[PDB]
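Structure provided below as structure tokens; questions to follow.
Only one protein chain is missing; all other protein chains are in place.
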Amino acid sequence: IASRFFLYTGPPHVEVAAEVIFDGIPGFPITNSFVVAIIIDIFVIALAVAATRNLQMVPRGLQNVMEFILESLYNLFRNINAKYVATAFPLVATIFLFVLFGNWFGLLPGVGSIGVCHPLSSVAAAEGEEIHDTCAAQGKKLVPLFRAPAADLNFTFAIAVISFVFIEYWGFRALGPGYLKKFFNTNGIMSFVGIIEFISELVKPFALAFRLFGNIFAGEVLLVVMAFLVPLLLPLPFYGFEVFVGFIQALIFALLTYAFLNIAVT
Amino acid sequence: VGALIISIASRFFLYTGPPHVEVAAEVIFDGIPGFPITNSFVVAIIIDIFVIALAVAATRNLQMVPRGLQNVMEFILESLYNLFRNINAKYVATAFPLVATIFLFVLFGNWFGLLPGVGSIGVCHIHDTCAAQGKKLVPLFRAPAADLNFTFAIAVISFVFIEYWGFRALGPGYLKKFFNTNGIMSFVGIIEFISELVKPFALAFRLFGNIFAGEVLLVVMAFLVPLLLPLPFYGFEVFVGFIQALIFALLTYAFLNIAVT
Amino acid sequence: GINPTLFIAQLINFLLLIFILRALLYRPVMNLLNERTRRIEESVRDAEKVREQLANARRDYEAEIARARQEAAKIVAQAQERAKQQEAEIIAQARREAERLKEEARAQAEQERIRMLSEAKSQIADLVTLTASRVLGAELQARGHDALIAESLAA
Amino acid sequence: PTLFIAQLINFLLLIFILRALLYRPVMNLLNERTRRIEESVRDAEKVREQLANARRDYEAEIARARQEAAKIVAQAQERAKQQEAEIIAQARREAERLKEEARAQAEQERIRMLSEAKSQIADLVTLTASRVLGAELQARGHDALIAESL
Amino acid sequence: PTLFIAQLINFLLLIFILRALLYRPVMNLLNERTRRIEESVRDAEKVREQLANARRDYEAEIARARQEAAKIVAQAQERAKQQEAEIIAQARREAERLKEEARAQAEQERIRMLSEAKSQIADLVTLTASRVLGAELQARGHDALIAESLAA
Amino acid sequence: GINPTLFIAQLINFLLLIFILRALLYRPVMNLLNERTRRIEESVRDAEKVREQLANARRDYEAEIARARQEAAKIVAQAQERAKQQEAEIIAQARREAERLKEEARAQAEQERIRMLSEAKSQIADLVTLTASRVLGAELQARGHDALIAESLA
Amino acid sequence: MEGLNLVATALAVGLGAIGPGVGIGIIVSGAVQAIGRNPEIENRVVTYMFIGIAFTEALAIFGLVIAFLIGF
Amino acid sequence: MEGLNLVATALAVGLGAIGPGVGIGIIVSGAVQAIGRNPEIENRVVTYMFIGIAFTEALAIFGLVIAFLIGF
Amino acid sequence: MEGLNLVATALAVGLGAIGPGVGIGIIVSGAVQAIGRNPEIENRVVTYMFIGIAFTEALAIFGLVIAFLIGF
Amino acid sequence: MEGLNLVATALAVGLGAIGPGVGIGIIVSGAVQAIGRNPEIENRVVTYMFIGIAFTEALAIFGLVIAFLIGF
Amino acid sequence: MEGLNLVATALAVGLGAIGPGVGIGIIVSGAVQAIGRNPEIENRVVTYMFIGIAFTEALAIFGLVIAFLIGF
Amino acid sequence: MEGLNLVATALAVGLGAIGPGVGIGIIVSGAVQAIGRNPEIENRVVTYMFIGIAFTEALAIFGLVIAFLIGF
Amino acid sequence: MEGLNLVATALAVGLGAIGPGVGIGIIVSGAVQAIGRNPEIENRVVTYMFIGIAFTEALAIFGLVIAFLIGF
Amino acid sequence: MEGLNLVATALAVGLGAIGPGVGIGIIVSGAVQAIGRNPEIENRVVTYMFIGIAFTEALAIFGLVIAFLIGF
Amino acid sequence: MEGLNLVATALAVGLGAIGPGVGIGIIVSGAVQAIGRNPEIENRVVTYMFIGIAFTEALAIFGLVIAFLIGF
Partner (left out) sequence: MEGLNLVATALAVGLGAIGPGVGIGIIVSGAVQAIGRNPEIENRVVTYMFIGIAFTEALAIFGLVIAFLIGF
């Protein structure tokens, strides 16, 4: 069972960085995150149109799976607030469906392996291999073409700020001028808690963005460094944990935006 | 007595200088070419004389209905029997002399440390008495519980007692415990083994540290102000000495009880 | 990395995504609402159709009891009509026939009795026999004559 | 690069493990859900059509009940006719017995009539003989017979 | 040293506090305990004395029972002898009465049978008188007696 | 310090303490203690013993009284309950004696049967005087053949 | 010596993690126990629950902000 | 050194986060459990809960002030 | 350099927030739970709750004045 | 000194693990007790426990991401 | 490096204000719970509560009785 | 000055064991306490317990990752 | 470092008053709650409680002793 | 620096004792409370508790491993 | 680096007071709570409490042992 942990074929080191700009020879250069965002857009649109193209009673196959996921998410949101479950559903649904596939893309062979570049070779008596990467030529860093979209602080900040503006739009939609009444109302001790609530309301999008970005970053980097430790037979349970945590985090992000909507509107 | 105590500033008039008591070792009282008689051994002999005299006074008549000092002597013995009978069923007659001896001896050793002159009376080999002369001062009547040579002896005799009465109770099976389980008690057995090794050290060190802390606390609170501040600490230490004696006795007997079963 | 241009690009990409998926999530909402309305209204109309089927059964028993009652009424009506008819028959023919039989019978009685009103049928032979012989005598002896005896015999 | 093979084999192993650990429960739950919706559409639809044609089955049952009325009318009619025949038959045979009894009584009173006739002619004989002797006892009466050899 | 005064004053005031606070409860506990022991031994001694007195009472009671049994047996024997003698005397009296009454009845019966013998002799006298009167009344006497009855 | 000399000295002192206190403070006073406990147990047993003995005393009093009653019931026989048989025998003897006297009284018929012997002076006289004063007009005209052929039924 | 800014950043984010982590844990445990005890008030509970988190997590975010003021 | 002020700000913010964080957590957990036990007293305790928060968070605020002084 | 004064005042304020923060948290949680259990007693225990705070924040205030003698 | 960056990464990761570890522990224990008392309320208890778990674990994530920024 | 003494003052009041502090909260919490369950014993409990505080604050006073000796 | 790497590895491992250790202890204590009061829910609830462990262990593994990373 | 003795005093006073403070808090809270139910046992539950205090206070005094052996 | 390697072993082992020790105490206390409440589930309970011990002891073992590695 | 020995002794006694102090607090609180729930079992359970009372002090006084080995 534990007889074939051969580390002789493995990565030389670990490459850890923030989002990396793709080559992008023409103007407006895309990133490594803004090619996988496009590929996940295409994938989710293909799945939606495959479920859409044949709609009928007693669903079976992928259409049944999509309907089950949608109704499960509907029931999850209806528990929090049944008034807006049919109204704000598209945003939370696409947040969940997008971050789900963004996190599940990170496990794919090639994420951190393919590069655009804008045994004997391994070090002995060491647990980590030292086989140089392909583009060791010209001293290039082997820029990872595929990097998980949610592991970037730009797309994540984007969805966080759209969540912020959605919560504020649809809390201001039907509350009158009650937001100014909710914060610093100068009513006994409630002014202090209103000020702190305003600060918390300001820091919700930053908290969400940092949380999800760091979660995917930590997952992918853990995968990288523990493949660097032992290339095989070590990271199966941790790969399972990382795919599970990516899925559940994609869920919790949508639930957090919906719960913030509920607490803002009530 | 009023709370408006003026004598709180008695350190200006009565200053005891630095807390000259830090000795974590044994200081010889009498120069003997053979085995030296330390400060703790002379008090071990003194407390042995006191215990023997108390026993003689209590059991010279053995009159039926206990009154006076006979009642006081018999009360603590009855209480100790009740406690050990609660702990264990039938080994009380086998172990009671040992546990009662440790309780009485270290209780009287602990309660000796309050008698004045423990840190003041001493022999020449703010500036005490011997420091006026060239000879250094070593205190007399150090509490025996402070001496490790005493607490370690109590620890080893308790360890020998528990091992003897575990071996005799459980046959050769207690010698190797149940190491052959290999499913549950294989990595556990060595843990219990090292636990049995450490427990006598802990038993001796508990008395050691508690009594040492008692005397040094008394000395340093005298150093701060030697009036009315160290009174709660004196009461606390006279309580903790009896408590230490009792908890030592109950733990050696409870260790025997957990060893036989 | 911190860059506003890429952030704005991601914002625009997600706006396109939310619009496309707004269409593709607007489709299943009244897919499922249509399914649920179909189910609930179908259960309601199934209970309704059960009730109307029971209404047919209720009208069935109503027609059954009504038809049984008019059948019973018409059979007893015919029974008593023909009953009265045959009582009229039995008493009428009984009385008239009996009266006719007794009147012809007494007429025959008078016809049998008229024939004895003649001299030889008036039993004169036994009269003269008992007068002559059964008087302990031979003939018209002792208290016996001929003329007045025959006159009284004629009576 | 050298990490590609490790990533590929790790994905293949994790996919195999996820399959062998979770594939049966997920299609089990999916199949349970689609069978729930499947029964709730198909049984509903078949009951819906078998109750939508029940509006015509109602008139069919009405016609069946009319045919029930038909043969109960027939059986009640036949019951009435044969009961009527029975009562009229017993009435007629009772009438026949009554006229026969009338004829029997006529014969009986004919017997009584003759009987009275012979009794009447008999005591007419007696009276005639009495007057016969009492009119002409004077011939040879009150002599040779008063004694009569006592 | 100067620590001497501090140590004695602290120990003295501590002992004063203990004797002003803890001395009463321990004294009360010791008094209660010795009272319990004294009452227990007194109860045991009283029970032992009760058992000794009870054994003595049992022996005295069985002695009284044997004495009463002897008295009852003696009384029964005396009474039985008494009624035996009395019933024998009664039987003797009944025998004397029976024999005297029977002897008197026998004497009266001898007198009545003498009277019966006299009556038998009288009846015999009538019988032989009729028998002799039969004689000598067949040769004569039939006449003049019927005539006497006719005379009346 | 960890000097083995003081270690051994304190161990020896404590062993002597144990083996001396178990001759003067553990054995004697605790023998007294469990002796007192045994005395209490004896007392609580003896209370039940007292109750049982009192019940035994009452039972034995009743049993001895019952034995006295049985003895008296046998004593009424006295070996002379046959005294009633003596009464019956005395009655029978008196009846037999009475029968003997009655037989002697019936023996008076022995000289009753010699009473007809006076017929020579009594029967003849009254016989002749009866006919001399009855039927025959009180006259002895008929001789009457004197005594009958059977005489006085002789 | 080296730069103390790195140690400062690390200490700030770390302690901001140790405090509000236990705070949010206790808040959510109490809220879910109250939900299990009585679901009828459930909606009201989550309202207050989130307010508590909106305070407690905020403190942690403050620490993180300090990190991004020191590391940057 | 030069980063000692940064270490001071970091330590102040961190520890003022770990105290009031757990304090607010315990306050809200207890309050929500009380709400679940009985909703009638709810409002009458909710202000009290906020009053409690208004103390503990104040301590954190103190720490924040100590940060913003040291850095300024 | 003598920048240890900043670290000193930072530590003092941070620890004064560390202890009393959790103290007030436990105090208010217990007071609110007991108030919800029995409402009519509430006023008495409210004082007691404040009494507890009146001691516990004192400790924090104590640390704060040390900062005022260090941070100056 | 020289290798203070290693100490910084260690401190950040370690304290991030310190806090949310107890946070998730308490959250899961409370949710498990709640589901044990009332299995019918699971369908929202589990979701609430998961969102609380994310809220707590986000702080350990912040600590670790700061540590990786410092080390890298 | 004399300013290190101030740092000592920082811990002396500081650490000693965070041990008893939290403990005091528990005391008061427990006390208030006793008022909830049974008010008739209340008064006795109150004294005992103060007795408990009379230890913890004593420790806190110790934590300060050295601090003023360290930093006057 | 030069032995800081070993100290950093020690701190990372130690605190990453400090947090999740208490986390798993509390998790499994709560799980088994719910098991005792309701046996038939076990095959459900235990899974969630493991899920919770799968997070807390992660944090510990988190620290273990850094220890190896800074160790190598 | 000649100023380390004062830091040693501060650590001995403060770090030694961490465990005993919470010990008094938990002990007095438990004793008060145990007095609330069945107050007739209130005397007996005193004894062990004070016994418990007389242990932890010792620990506190323990550390205090070391302080008076360092600053003196 | 001549030291800073033995200090690594000390810190690692001590913290790996801090965490898992509390974990083991909590888990077995909860297990034994479940045993007292529910006897006949015991065996299953026991197994689960044992599992938790292992899933905690590993972290302690990890600390020991660091001692084995650093101490060599 | 003079004065390091004093810092070591202070640390040893401080942590030895840290652990077993809260230990005894929990021990005595649990024992008196069980006594209040049921008094008659006290005579059997109090002894066991003292076993725990003597199992934490051992580690604590162990520190003093070590403390003395740097204290002298």
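As written, the chains take the letters A, B, C, D, E, F, G, H, I, J, K, L, M, N and O, and residue 1 is the first residue of each chain.
Note that in this section contacts are C-beta pairs under 8 Å (C-beta built on N, C-alpha and C of every residue); 3 or more make two chains touch, one makes a residue touch a chain.
Trainee: Would you mind spotting which of B:180, B:181, B:186 or B:195 touches the chain that isn't drawn?
Mentor: Final answer for the missing-chain contact: B:195.
Trainee: Could you pull out which residues of chain O are in touch with the chain that's been left out?
Mentor: For chain O, the residues touching the absent chain are 1, 4-5, 7-9, 11-16, 18-27, 29-31, 33-35, 37-38, 41, 44-45, 48-49, 51-52, 55-56, 58-60, 62-63, 66-67, 69-70.
Trainee: I need the residue numbers on chain N that touch the omitted chain, in ascending order.
Mentor: 1-4, 6-7, 9-11, 13-33, 35-37, 39, 42, 46, 53, 57, 60, 64, 67, 71
Trainee: For the chain that got dropped from the picture, name the residues of chain B it touches.
Mentor: Residue positions of chain B that touch the missing chain: 188, 191-192, 194-195, 198, 258.
One rule holds in what follows: only the chains that are shown with their structure count from here on.
Trainee: Using direct touches as single steps, what is the fewest number of steps from chain F over to chain K?
Mentor: The least step count works out to 3.
Trainee: Express in whole angstrom the distance between the two chain centres, defined as the mean CA positions of chain G and chain I.
Mentor: 19
Trainee: Go ahead and note the Å separation of the Cα centroids belonging to chain J and chain M.
Mentor: 32
Trainee: By residue number and range, which residues of chain H touch two or more other chains?
Mentor: Residue numbers touching two or more other chains: 1-2, 4, 7, 9, 11, 13-16, 18-27, 29-31, 33, 35, 37, 49, 51, 53, 57, 60, 67.
Trainee: When you check chain E against every other chain, which residues touch at least two of them?
Mentor: Only 37, 41 qualify.
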